[PDB]
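Take a look at this single chain, the form deposited without the partner chain, given in structure tokens.
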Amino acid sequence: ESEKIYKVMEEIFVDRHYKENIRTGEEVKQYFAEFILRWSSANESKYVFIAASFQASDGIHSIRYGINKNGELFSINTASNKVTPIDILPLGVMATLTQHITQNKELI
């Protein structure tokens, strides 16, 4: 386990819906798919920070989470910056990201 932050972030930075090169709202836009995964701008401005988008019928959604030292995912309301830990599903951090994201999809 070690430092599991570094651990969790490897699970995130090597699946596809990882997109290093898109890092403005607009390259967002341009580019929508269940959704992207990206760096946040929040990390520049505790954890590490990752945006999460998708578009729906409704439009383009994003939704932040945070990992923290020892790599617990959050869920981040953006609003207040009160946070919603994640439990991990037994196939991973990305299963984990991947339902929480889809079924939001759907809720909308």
Contents of the next structure:
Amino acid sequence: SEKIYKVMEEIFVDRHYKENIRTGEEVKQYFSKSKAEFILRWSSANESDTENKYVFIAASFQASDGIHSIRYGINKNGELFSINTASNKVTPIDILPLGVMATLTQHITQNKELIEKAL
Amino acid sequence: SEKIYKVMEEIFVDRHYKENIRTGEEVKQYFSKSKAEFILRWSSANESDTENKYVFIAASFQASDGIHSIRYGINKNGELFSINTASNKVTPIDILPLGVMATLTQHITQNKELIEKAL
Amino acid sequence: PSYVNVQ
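Now that we've seen the form deposited without the partner chain, could you pull up the form solved in complex with the partner chain?
The next block holds the full complex; its first chain is the one shown before.
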């Protein structure tokens, strides 16, 4: 019943998580100077819609055509999901052996790879 | 029960929170090599707690006396409490203007100073 | 913000 807090702990202590980056403007400003492969941040969906079934975390990264983001959700029992932001349908993500950040890193960087190869 | 998730983000991202420090031996090992004023850690009361009410976060610090700890709890409303670990009685802690970590910093360091004077 | 959406 408390596994959500352990998943949040794993995300929020990681250096990729940027607690002071909230708006789209701040994301653009961040990647103006940063060479980081991706960031994690507090998603807009937390204050936006739904009625408290997930805690929402967004990833952001930059390719040659601009900034791309991915929305993730954690449910009350600690399960991870990728979230389609246009339909809000969820898709479960199984945690890789080395843990949650190891999982998100693979989901984000492989997705960035698909984007870059299509450009 | 929405606000607790944010409060937990403020705590987990803080430089004082040590996700890899769980045992008293690891607390002692940290203060043997570091000179920080306190750490925050995942409280031992989370594992065996039956009650559902709080997420428990412990603060530890080193006096000339030795290492002392304080147990804190955060309810679903994101409200902060200090917890007497012998009786389990809670004491509410209001949030200072600069936020949760600024409040914990004051409560922890003032308690440490209170202890050191009594020596 | 442009999000990566699958389904």
